[PDB]
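*Asks:* Chain residues, written in single-letter form:
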Amino acid sequence: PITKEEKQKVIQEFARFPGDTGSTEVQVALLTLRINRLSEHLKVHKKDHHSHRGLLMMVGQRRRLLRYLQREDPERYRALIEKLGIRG
Amino acid sequence: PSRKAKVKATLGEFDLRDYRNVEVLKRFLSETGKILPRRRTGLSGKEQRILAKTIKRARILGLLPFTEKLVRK
Amino acid sequence: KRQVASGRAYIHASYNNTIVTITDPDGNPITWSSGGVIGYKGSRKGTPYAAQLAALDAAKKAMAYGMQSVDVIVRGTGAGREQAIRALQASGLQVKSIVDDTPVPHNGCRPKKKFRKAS
Amino acid sequence: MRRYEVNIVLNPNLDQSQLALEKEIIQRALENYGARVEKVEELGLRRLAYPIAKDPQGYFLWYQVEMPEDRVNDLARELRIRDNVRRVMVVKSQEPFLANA
RNA sequence: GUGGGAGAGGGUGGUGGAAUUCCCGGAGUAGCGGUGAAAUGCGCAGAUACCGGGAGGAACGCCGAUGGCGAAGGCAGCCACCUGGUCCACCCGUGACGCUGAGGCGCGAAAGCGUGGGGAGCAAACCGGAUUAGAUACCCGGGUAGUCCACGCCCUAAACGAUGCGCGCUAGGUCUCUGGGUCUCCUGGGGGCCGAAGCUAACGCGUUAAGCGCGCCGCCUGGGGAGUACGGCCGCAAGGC
Ligand SMILES: C[C@H]1O[C@H](O[C@H]2[C@H](O)[C@@H](O)[C@@H](O)[C@H](O)[C@@H]2O)[C@@H](N)C[C@@H]1NC(=N)C(=O)O
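Chains as they are written, first to last, in the deposited numbering: chain O, 2 to 89; chain R, 16 to 88; chain K, 11 to 129; chain F, 1 to 101.
Hints may contain errors.
Claimed, not checked - Cut-off 20 Å, straight-line C-alpha distance, at most; resulting in silico cross-link-like pairs (EDC-like, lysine to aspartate or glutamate):
(1) R:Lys-84 / K:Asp-81
(2) R:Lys-61 / F:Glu-95
(3) R:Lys-88 / R:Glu-46
(4) R:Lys-68 / F:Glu-5
(5) O:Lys-5 / F:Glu-69
(6) F:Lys-23 / F:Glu-78
(7) F:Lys-54 / R:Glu-83
(8) R:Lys-84 / K:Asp-111
(9) F:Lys-92 / R:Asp-33
(10) O:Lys-5 / F:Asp-70
(11) R:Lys-71 / R:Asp-33
(12) R:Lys-23 / R:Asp-33
(13) F:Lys-92 / F:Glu-78
(14) R:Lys-84 / K:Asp-36
(15) F:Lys-54 / K:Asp-36
(16) F:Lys-92 / R:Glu-62
(17) F:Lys-54 / F:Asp-15
(18) R:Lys-88 / K:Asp-111
(19) K:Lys-106 / R:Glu-83
(20) O:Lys-44 / F:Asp-70
(21) F:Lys-39 / R:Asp-33
(22) R:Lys-84 / K:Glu-92
(23) F:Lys-39 / F:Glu-66
(24) F:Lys-23 / F:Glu-5
(25) R:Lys-88 / K:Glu-92
(26) R:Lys-88 / K:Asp-110
(27) R:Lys-71 / F:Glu-95
(28) R:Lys-49 / R:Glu-62
(29) F:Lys-92 / R:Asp-30
(30) R:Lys-49 / K:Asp-110
(31) R:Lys-68 / F:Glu-95
(32) R:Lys-49 / K:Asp-111
(33) R:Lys-84 / K:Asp-110
(34) R:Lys-88 / K:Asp-81
(35) R:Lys-71 / F:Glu-5
As the list claims (entries may be wrong) - So these bits of chain K aren't anywhere near chain R, every CB distance computed over 12 Å:
(36) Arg-12
(37) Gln-13
(38) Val-14
(39) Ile-48
(40) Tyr-50
Please keep in mind that the hints were generated in silico from the structure rather than gathered at the bench.
Quick reminder that beta carbons are idealized off the backbone N, C-alpha and C, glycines included.
The whole structure should be built from the sequences, with the hints applied where relevant.
*Replies:* What follows is the structure, encoded as structure tokens:
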């Protein structure tokens with residue numbers, strides 16, 4: 002599982018500033034985190050379809066905020082993706 | 016009527032999750048391995064449900080039975 | 011021709027015939043009776059009477075082996091199980107204890123049509 | 001790592017030696033998987049509700065270890081290897097949920 | 001985001017006890033089994049009933065609800081690991097980042113198809129028993145596929161609340177599951193029944209709306225002929241759309 006530490010780090014890591022626990026980029030990060038872990042969990046248990054829905058959802062939720070990130074500020078988008086290695 | 020008494024009422028405080036207090040769980044069993052129904056246990060929706068697993072756990076650890084022959088009939 | 015005195019008597023009820031078996035204080039049957047052992051040829055074997063007889067009969071043969079005490083065991087439900095018990099009670103052997111051990115699956119084999127349609 | 005409770009039940013006809021022999025293997029094999037003991041309780045002989053492995057009694061070993069979860073499913077395999085060890089059951093330590101209090 | 005919680009939500013490995021069948025040994029007879037009656041069958045190579053031992057598959061009583069969870073199909077022995085959804089509290093962070101959703105992609109009960117494995121019980125087909133005017137049934141005894149596992153395919157259904165998703169508004173009473181509080185009661189989410197206004201062809205619906213409204217998709221436009229024909233697409237096939 003994801004551990005507070007493992008988590009908070011990711012936060013602090015992206016947080017647009019001190020105390021920020023919500024900035025899109027944060028959000029996006031954390032997601033991506035879960036996503037990946039999930040994905041991982043799906044590289045096996047390939048028959049755990051249910052979880053994958055969740056995944057699918059996350060993937061979606063993620064790609065939403067992003068599309069919003071651009072619209073509002075293109076830079077913070079490029080900057081973010083690149084830093085998360087999203088796309089592919 | 017099932018108005019004999021509730022195993023709970025005629026008992027002290029006990030951790031429902033301690034799958035070893037065989038001197039207590041024992042109470043929650045019928046004159047057979049069987050698990051007394053809420054009407055008896057006296058427990059609650061959440062309780063009875065826990066006391067449920069525990070009596071299963073202990074069963075495995077050869078502590079509590081799964082069934083006891085009936086005496087009379 | 012063995013002398014047993016104390017022993018166990020199994021009672022096996024059914025909707026098609028009741029059958030008794032008397033064993034040594036450890037499961038090894040001494041004498042055994044059913045409804046068929048008696049006269050009755052079919053449906054009849056069910057009845058508490060058919061059962062009763064079936065009981066006394068086996069209580070009888072048992073005596074000859076000195077049988078005196080018996081612990082009652084009963085498996086199943088059916089046409090006159092009770093009569094059998096009451097039969098053995100007054101049959102003459104002293105009734106130590108009556109006890110039911112009827113088999114009940116904690117859900118194993120799919121019963122056959124004839125018995126399905128429940129849950 | 002998570003806090004657990006290793007329940008072990010083995011043959012009740014083991015002479016003083018044999019017993020402490022198994023006990024060792026346990027105490028040992030445990031270490032192998034990170035098993036850091038926090039305490040134990042020895043109840044030993046207790047009549048079983050039912051006969052386990054023909055024998056109507058069992059010796060009881062209860063450990064409240066603390067180890068790497070990704071290896072808990074193994075810690076048991078090993079314990080289960082003991083021909084005297086007739087029962088193994090590890091549980092996650094859960095605060096006691098009281099009742100009738 | 002922080003902190004609490006409940007659950008048969010999913011996946012993998014593991015593992016307990018009951019019962020059935022089979023095998024072995026012990027002991028023991030003459031029947032057992034089955035039905036409305038019966039017969040087919042099983043038994044003196046000794047069945048049944050009984051004790052002990054062993055093997056194997058399937059399922060997992062009681063708890064279990066009038067309950068819970070899931071988007072649906074669906075999910076309950078116990079244990080652990082891996083994982084989805086969710087509610088409540090704090091009101092902390094972002095700042096409208098939202099709803100719907102043609103086609104697509106994914107999931108999708110039962111049966112059924114391919115290869116392999118498995119095979120206790122059940123049991124289409126089929127084999128006998130009986131019933132009857134007959135009985136290619138209903139009842140009885142067997143019995144193959146199959147039903148269980150793996151990978152793959154099929155993808156339909158009274159796949160039903162027969163009631164698309166999302167948001168706001170409109171008396172309450174009571175039962176219940178679950179979270180928070182100053183916890184004989186207030187407060188949040190869920191499941192039921194009764195029921196205001198209102199709706200309804202009526203039955204019924206009724207803050208779990210079939211009410212008052214907004215957005216967005218799906219679908220209907222007489223019965224039979226037909227879910228047929230033609231065509232296209234899919235499918236190993238059965239077939240499906
Ligand atoms: C003997 C009868 O068996 C069947 O009828 C049975 C009826 O006669 C009674 O025994 C009960 O109601 C049963 O439940 C019925 O099944 C049915 N097969 C008709 C038969 N009639 C005769 N055999 C006759 O009249 O002679």
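*Asks:* It remains to establish, for every hint, whether it holds in the given structure.
*Replies:* The hints, checked one at a time:
A C-alpha spacing of about 13 Å is found between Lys-84 (chain R) and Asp-81 (chain K), which places the hinted pair at or below 20 Å, so the restraint holds. Among the hinted pairs, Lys-61 (chain R) with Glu-95 (chain F) is consistent with the structure: their alpha-carbon atoms are about 15 Å apart, no more than 20 Å. The straight-line distance between the Cα atoms of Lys-88 (chain R) and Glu-46 (chain R) is roughly 13 Å, inside the 20 Å bound, and the hint therefore holds. Restraint check for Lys-68 (chain R) and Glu-5 (chain F): satisfied, since their Cα atoms lie roughly 16 Å apart, inside the 20 Å limit.
Between the alpha carbons of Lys-5 (chain O) and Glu-69 (chain F) the distance comes to roughly 17 Å, so the proposed pair stays at or under 20 Å and holds. Taken as a hint, the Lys-23 (chain F) and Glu-78 (chain F) pair is honoured in the structure, with Cα atoms around 13 Å apart against an allowance of 20 Å. The suggested pairing of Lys-54 (chain F) with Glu-83 (chain R) holds, with an alpha-carbon distance near 18 Å, which does not exceed 20 Å. Restraint check for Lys-84 (chain R) and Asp-111 (chain K): satisfied, since their Cα atoms lie roughly 5 Å apart, inside the 20 Å limit.
For the suggested pair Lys-92 (chain F) and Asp-33 (chain R), the alpha carbons sit about 12 Å apart, so the restraint of at most 20 Å is met. Proximity of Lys-5 (chain O) to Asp-70 (chain F) is assessed by CA-CA distance (about 19 Å); at most 20 Å being required, the pair is judged to hold. The hinted pair formed by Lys-71 (chain R) and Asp-33 (chain R) meets the criterion: a straight-line CA distance of about 11 Å does not exceed 20 Å. For the given pair, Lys-23 (chain R) sits about 16 Å from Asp-33 (chain R) by alpha-carbon distance, which is consistent with the 20 Å threshold.
Note on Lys-92 (chain F) and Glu-78 (chain F): the hinted pairing holds, with a Cα-Cα distance of about 19 Å set against a maximum of 20 Å. Taking the CA atoms of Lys-84 (chain R) and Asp-36 (chain K), the gap is about 17 Å. The hint holds against a cut of 20 Å. Distance hint between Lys-54 (chain F) and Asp-36 (chain K) is fulfilled; the C-alpha atoms sit about 16 Å from each other, no more than 20 Å. For the given pair, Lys-92 (chain F) sits about 19 Å from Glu-62 (chain R) by alpha-carbon distance, which is consistent with the 20 Å threshold.
For the hint pairing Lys-54 (chain F) with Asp-15 (chain F), the CA-to-CA distance comes to about 18 Å; that is within 20 Å, so the pair holds. Taking the CA atoms of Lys-88 (chain R) and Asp-111 (chain K), the gap is about 11 Å. The hint holds against a cut of 20 Å. A C-alpha spacing of about 18 Å is found between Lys-106 (chain K) and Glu-83 (chain R), which places the hinted pair at or below 20 Å, so the restraint holds. Our distance criterion of 20 Å between C-alpha atoms is met by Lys-44 (chain O) and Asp-70 (chain F), whose separation comes to about 18 Å.
The hinted pair formed by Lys-39 (chain F) and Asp-33 (chain R) meets the criterion: a straight-line CA distance of about 16 Å does not exceed 20 Å. Of the supplied pair hints, the one linking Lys-84 (chain R) and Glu-92 (chain K) holds, its CA atoms being roughly 17 Å apart against a limit of 20 Å. This hinted pair checks out: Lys-39 (chain F) and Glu-66 (chain F) have alpha carbons roughly 10 Å apart, not beyond 20 Å. Distance hint between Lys-23 (chain F) and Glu-5 (chain F) is fulfilled; the C-alpha atoms sit about 16 Å from each other, no more than 20 Å.
Among the hinted pairs, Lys-88 (chain R) with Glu-92 (chain K) is consistent with the structure: their alpha-carbon atoms are about 8 Å apart, no more than 20 Å. Proposed proximity of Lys-88 (chain R) and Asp-110 (chain K) is supported: the alpha carbons are some 7 Å apart, at most 20 Å. As the CA atoms of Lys-71 (chain R) and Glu-95 (chain F) are separated by approximately 18 Å, the hinted pair is consistent with the 20 Å bound. Restraint check for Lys-49 (chain R) and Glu-62 (chain R): the C-alpha separation of about 17 Å stays at or below 20 Å, so the hint holds.
A threshold of 20 Å between alpha carbons decides the hint, and for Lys-92 (chain F) with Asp-30 (chain R) the separation of about 15 Å falls inside it, so the pair holds. About 15 Å separates the Cα atoms of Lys-49 (chain R) and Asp-110 (chain K), which keeps this hinted pair within 20 Å; it holds. Of the supplied pair hints, the one linking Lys-68 (chain R) and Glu-95 (chain F) holds, its CA atoms being roughly 15 Å apart against a limit of 20 Å. At roughly 14 Å between alpha-carbon atoms, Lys-49 (chain R) and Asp-111 (chain K) fall within 20 Å of each other, so this suggested pair holds.
A distance of roughly 6 Å separates the Cα atoms of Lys-84 (chain R) and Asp-110 (chain K); the hinted pair therefore holds under the 20 Å criterion. With a C-alpha separation of about 13 Å, the suggested pairing of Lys-88 (chain R) with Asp-81 (chain K) holds against the 20 Å cut-off. For the given pair, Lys-71 (chain R) sits about 16 Å from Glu-5 (chain F) by alpha-carbon distance, which is consistent with the 20 Å threshold. Once the 12 Å rule is applied to beta carbons, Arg-12 (chain K) is consistent with being away from chain R; the minimum gap is 27 Å.
At the 12 Å boundary, the C-beta of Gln-13 (chain K) stays outside the reach of chain R, the nearest C-beta of that chain being 28 Å off. Under the 12 Å C-beta cut-off, the non-interface status given to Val-14 (chain K) relative to chain R holds; the minimum distance is some 22 Å. For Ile-48 (chain K), the requirement that its beta carbon stay farther than 12 Å from each beta carbon of chain R is met, with the minimum near 23 Å. No beta-carbon of chain R is positioned within 12 Å of the beta-carbon of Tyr-50 (chain K); the least distance is around 25 Å.
Checked against the numbered hints listed earlier, the structure breaks none of them; every hint is satisfied.
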